[PDB]
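Residues per chain, in single letters:
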Amino acid sequence: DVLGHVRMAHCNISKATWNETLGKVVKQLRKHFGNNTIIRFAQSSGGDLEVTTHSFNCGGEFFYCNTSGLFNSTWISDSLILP
Amino acid sequence: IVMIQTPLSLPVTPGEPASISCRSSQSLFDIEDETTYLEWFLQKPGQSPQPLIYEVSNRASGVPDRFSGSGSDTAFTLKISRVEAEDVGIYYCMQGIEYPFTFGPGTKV
Amino acid sequence: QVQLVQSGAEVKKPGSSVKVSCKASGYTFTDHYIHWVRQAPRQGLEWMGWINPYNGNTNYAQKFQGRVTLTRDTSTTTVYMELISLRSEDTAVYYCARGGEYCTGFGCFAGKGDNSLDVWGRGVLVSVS
Amino acid sequence: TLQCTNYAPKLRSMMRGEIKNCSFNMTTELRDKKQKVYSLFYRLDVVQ
Amino acid sequence: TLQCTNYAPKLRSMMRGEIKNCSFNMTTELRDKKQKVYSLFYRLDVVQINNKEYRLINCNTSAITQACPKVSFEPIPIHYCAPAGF
Ligand SMILES: *[C@@H]1O[C@H](CO)[C@@H](O[C@@H]2O[C@H](CO)[C@@H](O)[C@H](O)[C@H]2NC(C)=O)[C@H](O)[C@H]1NC(C)=O
Ligand SMILES: *[C@@H]1O[C@H](CO)[C@@H](O[C@@H]2O[C@H](CO)[C@@H](O)[C@H](O)[C@H]2NC(C)=O)[C@H](O)[C@H]1NC(C)=O
Ligand SMILES: *[C@@H]1O[C@H](CO)[C@@H](O)[C@H](O)[C@H]1NC(C)=O
Ligand SMILES: *[C@@H]1O[C@H](CO)[C@@H](O)[C@H](O)[C@H]1NC(C)=O
Ligand SMILES: *[C@@H]1O[C@H](CO)[C@@H](O)[C@H](O)[C@H]1NC(C)=O
Ligand SMILES: *[C@@H]1O[C@H](CO)[C@@H](O)[C@H](O)[C@H]1NC(C)=O
Ligand SMILES: *[C@@H]1O[C@H](CO)[C@@H](O)[C@H](O)[C@H]1NC(C)=O
Ligand SMILES: *[C@@H]1O[C@H](CO)[C@@H](O)[C@H](O)[C@H]1NC(C)=O
Ligand SMILES: *[C@@H]1O[C@H](CO)[C@@H](O)[C@H](O)[C@H]1NC(C)=O
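Chains as they are written, first to last, in our numbering: chain A, 1 to 83; chain B, 84 to 192; chain C, 193 to 321; chain D, 322 to 369; chain E, 370 to 455.
The hints are simulated quantities; they were obtained by calculation from the structure and are not laboratory data. It is possible that some hints are incorrect.
[To be verified] Pairs of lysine-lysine residues, derived as BS3-like cross-links and limited to a Cα-Cα distance of at most 30 Å, are as follows: (1) E:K439 to E:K379; (2) B:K191 to C:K255; (3) C:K255 to C:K304; (4) C:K205 to C:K255; (5) D:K354 to C:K215; (6) D:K331 to D:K341; (7) C:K304 to D:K331; (8) C:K204 to C:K215; (9) C:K211 to B:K127; (10) D:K354 to E:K403; (11) B:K127 to C:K215; (12) C:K304 to D:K341; (13) E:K389 to D:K355; (14) C:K204 to C:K255; (15) D:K355 to E:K405.
Chain A with its partners taken away, still in its complex shape:
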C-alpha cells in the first residue's frame, strides 16, 4: 500500500551548477570540434527505458529519470527537478 499521499520519485540537480558544468563540457568539446561551432545538447532519441532515461539504483530501488531537462540547450560561440 501507500501511506499518506502518492508522490512522484524525482531527482534535484542544482541549476547553476549544471549550467556551469555544461559550459565546461562545451569548452572542452569545442577544443575538438571547432572554436566557432555550435554545440547543442538534446534528449536521447529512442530505445529501451534503460537507455532513454538515467537508470540507477539507490536505497534498494531502481530509478529511471527523464533527464530531458538537463540536455536541452544550444551553445553558440534555483533547482532543476527530474521526474
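Here the structure of chain A is known, so what remains is to put chains B, C, D and E with the ligands in place on it, guided by the hints.
Coordinates of chains B, C, D and E with the ligands only, in the frame set by chain A:
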C-alpha cells in the same frame, strides 16, 4: 470543442427530490485512467461556482450527502435527495476529458 | 485552508489592457495548474486557459490565442492574466481556479494534464464601456 | 493472469494509472490451495 | 493437504495416534492425472491444519529432498591426511 447540454432546468419546492441532466456530444471516458472526467458544480447567487462532484459519482468533501449522481456514455444525471434553501443556484457539468473545458448552459434551482 | 484571493473591480475603454490578479494561499503554489474562466453577465461559464505555475507553460482556448497572456510570480505566489484589445462583448467576471489534480507533491515538472477545477476565487468584474 | 484496476488514491494526482492494484491467484505452502492476493505494481512492470 | 486418521491397529496398544493413516492426492507420471495414496506417517512428522487435515512438519519451512534408498547411512572410518608441507 465538445458541446455540453444541461436538460431539465425546472423550478422546485423545498423538500422535493430533483434530477439535473447532462449530455455530451463526445464520450468523457478515458480508457487509460478508467474514470469519467465530469465535475458537477453549484454556483450560489453572489458566489463563485463551488465543486459538488469530482468524477460523475465521487462526491466532493464538504458537500451534503443529499447530492449524488451517476451515468456514462455521455449521459449523466445529478440527483438531490431533498432540496433545501442551501441548494439554490445554478448547476454546471464540466467537460474535463479534453481542453478547452466546457460547462454547458447549466440549470437553475 | 486552501484559498484563492481576488478583489476589486475595473472599468476599461475599448482597446485597453487589463491585468487581473489571483493570489494563492494554503497549498504549494507550484503543484497545481491555475485556470482562468470567464463568465459574461447572465451567461454560462467559459474556460479561458491554464498556466503551469512551476514552468510557466500555458495553453489557451483558440478564441483567446494572441489576446490573453498569463504570467506568474513564485515568490509572491500570484498568477496574473493580461487581456488586450478589450471589446464590449468582453464584459464579464473573470475567475481564477485551482485544479483538483496535483501535478506531483513537489511541483508541476511532469504530468499529462489537469481534468478538474477544485477551488474558485471570488472573481474580478471587468467592464468595457 | 492479473486482474488490475488503477490504484486510485483518495486524492486526485495526475498520476492515475502509474500504480495498478492487481488481483491474482498465487500459490501457497500446499499444492491443493491457492491464495487470492492484491498487490500493487508499477505501470511499467505490467502489460495488458 | 493430508486427510489423516489414527492407524488404529486391531489390538489395543497405548500408542494410538503415534502412527497416522493419511490420504492424499499425489502426482503421477502424467501431469493430467492424480493418484490417491494412503500412507502411514509418524505423529512427529505431521501437524494439524484445522478425518482431520494435516500437513508435513516442513511444508511451512522447507522442501523435502528424498534420500536415495540405495545409499546407506552407516558411518565408515574417514582418515584426514596432511598435505605436503604440513
Ligand atoms: C485493491 O482492490 C481491492 C478491491 O477493489 C481493495 O479491497 C477493497 O477495499 C475496500 C476498502 O474500503 C473494501 O471496502 C472492500 O471490501 C475491499 N474488497 C476486497 C475484495 O478486498 C483493495 O484494498 C485494493 N488495494 C489497495 C492497495 O488499495
Ligand atoms: C527537491 O526540491 C523540492 C523543492 O523544490 C523539495 O520539496 C520540498 O521538501 C521540503 C522537505 O525537506 C518541504 O518542506 C518543502 O515544502 C518541499 N517543497 C515543495 C515545493 O514541495 C524536495 O524535497 C527535494 N527533494 C530532494 C530529494 O532533495
Ligand atoms: C541535497 O540535500 C542536502 C541536504 O542538506 C542539501 O544541503 C543540498 O543542497 C541538496 N542538493 C540539491 C542539489 O538539492
Ligand atoms: C548559463 O546559462 C545562461 C543562460 O542564458 C547561458 O547563457 C550561459 O552560457 C550558461 N553558462 C554559463 C557558464 O554561464
Ligand atoms: C580556440 O581558442 C583557444 C583559446 O586559448 C586557442 O588556444 C585555440 O588555438 C583556438 N582554436 C582555434 C581553431 O581557433
Ligand atoms: C521526458 O519529457 C519530455 C517532455 O516533452 C517527453 O517528451 C519525453 O518523452 C520524456 N522522456 C521519457 C523517457 O519519457
Ligand atoms: C482466481 O481463481 C478463481 C477461480 O478459483 C477465479 O474465479 C478468479 O477470477 C481468479 N482471480 C483472478 C484475479 O484471476
Ligand atoms: C483428492 O482430490 C479429490 C478431488 O479430485 C477430493 O475430493 C479429495 O478429498 C482429495 N483427497 C484428499 C485426501 O485431499
Ligand atoms: C512455521 O514457521 C514459523 C517460522 O517460519 C515457526 O515460527 C512456526 O512455529 C512454524 N509452525 C509450526 C507449527 O511449527
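Now for the hints, and whether the structure bears them out:
| no. | hint | result |
| --- | --- | --- |
| 1 | E:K439 to E:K379 | 33 Å, violated |
| 2 | B:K191 to C:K255 | 28 Å, holds |
| 3 | C:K255 to C:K304 | 23 Å, holds |
| 4 | C:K205 to C:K255 | 21 Å, holds |
| 5 | D:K354 to C:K215 | 60 Å, violated |
| 6 | D:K331 to D:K341 | 14 Å, holds |
| 7 | C:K304 to D:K331 | 19 Å, holds |
| 8 | C:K204 to C:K215 | 22 Å, holds |
| 9 | C:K211 to B:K127 | 26 Å, holds |
| 10 | D:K354 to E:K403 | 15 Å, holds |
| 11 | B:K127 to C:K215 | 22 Å, holds |
| 12 | C:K304 to D:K341 | 17 Å, holds |
| 13 | E:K389 to D:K355 | 26 Å, holds |
| 14 | C:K204 to C:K255 | 21 Å, holds |
| 15 | D:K355 to E:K405 | 20 Å, holds |
Checked against the numbered hints given earlier, the structure breaks hints 1 and 5 and satisfies all the rest.
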